[PDB]
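Trainee: All chains should be built: construct the whole structure from the sequences, respecting the hints.
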Amino acid sequence: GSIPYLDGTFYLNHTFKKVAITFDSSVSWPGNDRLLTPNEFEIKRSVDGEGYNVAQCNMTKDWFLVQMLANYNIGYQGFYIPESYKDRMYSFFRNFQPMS
Amino acid sequence: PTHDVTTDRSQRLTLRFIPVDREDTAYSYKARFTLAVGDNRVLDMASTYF
Amino acid sequence: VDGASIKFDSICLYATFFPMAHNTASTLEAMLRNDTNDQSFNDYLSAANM
Amino acid sequence: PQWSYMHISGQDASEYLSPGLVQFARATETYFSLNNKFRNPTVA
Amino acid sequence: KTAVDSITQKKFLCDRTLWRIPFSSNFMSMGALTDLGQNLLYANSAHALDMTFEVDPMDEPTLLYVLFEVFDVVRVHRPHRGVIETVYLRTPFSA
Amino acid sequence: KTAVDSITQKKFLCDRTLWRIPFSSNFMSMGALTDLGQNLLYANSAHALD
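Residue numbers (PDB author numbering), protein chains in the order written: chain A, 2702 to 2801; chain B, 1051 to 1100; chain C, 1602 to 1651; chain D, 7 to 50; chain E, 1852 to 1946; chain F, 2852 to 2901.
Keep in mind the hints are simulated off the structure, nothing from the lab. The C-beta atom is built at its ideal place from N, Cα and C for all residues, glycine as well. Some clues are possibly wrong.
To be verified - Some chain A residues judged to face chain F by a derived CB distance under 7 Å, without partners named:
#1 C2758
#2 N2759
#3 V2767
#4 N2774
#5 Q2778
#6 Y2781
#7 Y2791
#8 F2793
#9 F2794
#10 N2796
Stated by the list, open to error - To give an idea of the chain A side of the interface with chain F (calculated C-beta under 10 Å), a few residues:
#11 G2702
#12 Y2706
#13 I2744
#14 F2780
Said to hold, decoys possible - Taking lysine-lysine pairs in the BS3-like style, the calculated list, with each CA pair at most 25 Å apart, reads:
#15 A:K2718 - F:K2861
#16 F:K2852 - C:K1608
#17 C:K1608 - B:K1080
#18 A:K2718 - F:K2852
#19 A:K2719 - F:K2862
#20 F:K2861 - C:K1608
#21 A:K2762 - F:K2852
Mentor: This is how it looks when you write it as structure tokens:
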């Protein structure tokens, strides 16, 4: 069948919850209480942490902000739909689908 | 650029504000917040949302 | 009349601050406090509705 | 009279602003846009 | 071969839009502050305006929505810490 | 009229993309050679990352 490792057709990104990054096993990154959770990136939470969800989904606000900043530098002056020429076929916002 | 573009100290990115008083009538309700912008910071009102 | 209803439980206000370096932010806000540099906006529609 | 003070006519945003603000504004255009926060008169 | 004599009807639809009548001499858009707006005839004195509309009727009460587009400008000045004051000007039709 | 009490489920899909975490102070794309990459902290010494 299709080989995502070669042709870049990924379909399992929706199966992540948390990412923790630290250097020298003692200092966390990015630290400096940049995010709501000052130790790790929380991709998504269950109904318990609904106070931090966004976009009518289970994806947390900070992760959504990070993805928008990484792709189109959008978020420090209010979210909006990026220009069509800036979100290509493999871009993030193009393939983001909320369901309930 | 390396310098004079962003701070390196500890500073929150987002902030959550809890109402200090909420009054409700039959067909509407009023909520008040004390939006406090910290020192050495600038807030773009377009970023805020209820 | 069809029995639709809605109730609000909690409401919070969110805001994101750009982590700009303190020295640059201090100069920016000090320079923005001049009457000659006052911000100004206009309504897009800019009409009176009768 | 008041049209200039409300920026309905006269000079555009690049003029009445202090030169330091204009200088600072263009440097950080892609970082923190400030051009959309000042009127620019368009008189026929 | 057996078609009957017929008449024609013509009509058109225009949704999600507003009829626009610019207040300029040649109906062109050469700037927000139109030339007629800067004319001295209306700049000095006042005038009473009346407009009559003729519409085809329907069987229910309706409203005529009219927009006199004007200049709506707000300027905000913040001299000190934690104090914000603004000024509003909407001309003409100022409150 | 005869609807039953129900709970809700929320999820999302994101295909043909990779989760990106830039190595910059403010998660902004200000150039290929990011500011943190030019920081002297990582330029001189080595660090073990897990």
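Trainee: Taking the hints in turn, state whether each one holds.
Mentor: Okay, the hints, checked on the actual structure:
1. A cut of 7 Å between beta carbons decides the hint on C2758 of chain A: the least distance to chain F is about 5 Å, and the hint holds.
2. For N2759 of chain A, the suggested interface contact is upheld, since its CB lies about 5 Å from the closest CB of chain F, less than 7 Å.
3. The closest approach between the C-beta of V2767 of chain A and any C-beta of chain F is roughly 5 Å, which is under the 7 Å cut-off, so the hint is satisfied.
4. Because the beta carbon of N2774 of chain A sits about 6 Å from the nearest beta carbon in chain F, less than 7 Å, this interface hint is met.
5. Using the Cβ-Cβ criterion of 7 Å, the hint placing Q2778 of chain A at the interface with chain F is not satisfied: the shortest such distance is roughly 12 Å.
6. With its C-beta approaching chain F no nearer than about 17 Å, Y2781 of chain A sits outside the 7 Å limit, and its interface hint is violated.
7. At its closest, the beta carbon of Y2791 of chain A sits 5 Å from a beta carbon of chain F; the interface hint therefore holds under the 7 Å criterion.
8. Taken as an interface hint, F2793 of chain A checks out: its beta carbon lies about 5 Å from the nearest beta carbon of chain F, inside 7 Å.
9. Look at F2794 of chain A: its Cβ only gets to about 9 Å from chain F, farther than 7 Å, so that hint breaks.
10. With a least beta-carbon distance of about 5 Å to chain F, the hint placing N2796 of chain A at the interface is held under the 7 Å criterion.
11. Interface hint at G2702 of chain A: violated, since its Cβ lies 15 Å from the closest Cβ of chain F, which is beyond the 10 Å cut-off.
12. Proximity of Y2706 of chain A to chain F is violated relative to the hint, the smallest CB-CB distance being about 12 Å (cut-off 10 Å).
13. Given hint, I2744 of chain A at the interface with chain F, holds; its Cβ is 8 Å from that chain's nearest Cβ, closer than 10 Å.
14. Residue-level restraint check for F2780 of chain A is violated (minimum Cβ-Cβ distance to chain F is 14 Å; threshold 10 Å).
15. Among the hinted pairs, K2718 of chain A with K2861 of chain F is consistent with the structure: their alpha-carbon atoms are about 14 Å apart, no more than 25 Å.
16. Only pairs whose Cα atoms come within 25 Å are accepted, and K2852 of chain F paired with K1608 of chain C is accepted, the gap being roughly 20 Å.
17. Note on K1608 of chain C and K1080 of chain B: the hinted pairing holds, with a Cα-Cα distance of about 14 Å set against a maximum of 25 Å.
18. Using a Cα cut-off of 25 Å, the hinted pair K2718 of chain A and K2852 of chain F is violated, with the two alpha carbons roughly 39 Å apart.
19. The straight-line distance between the Cα atoms of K2719 of chain A and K2862 of chain F is roughly 16 Å, inside the 25 Å bound, and the hint therefore holds.
20. At most 25 Å may separate the alpha-carbon atoms for a hinted pair to count; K2861 of chain F and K1608 of chain C meet this at roughly 21 Å.
21. Proposed proximity of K2762 of chain A and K2852 of chain F is contradicted: the alpha carbons are some 37 Å apart, above 25 Å.
Hints 5, 6, 9, 11, 12, 14, 18 and 21, counting from the list given before, are not met by this structure.
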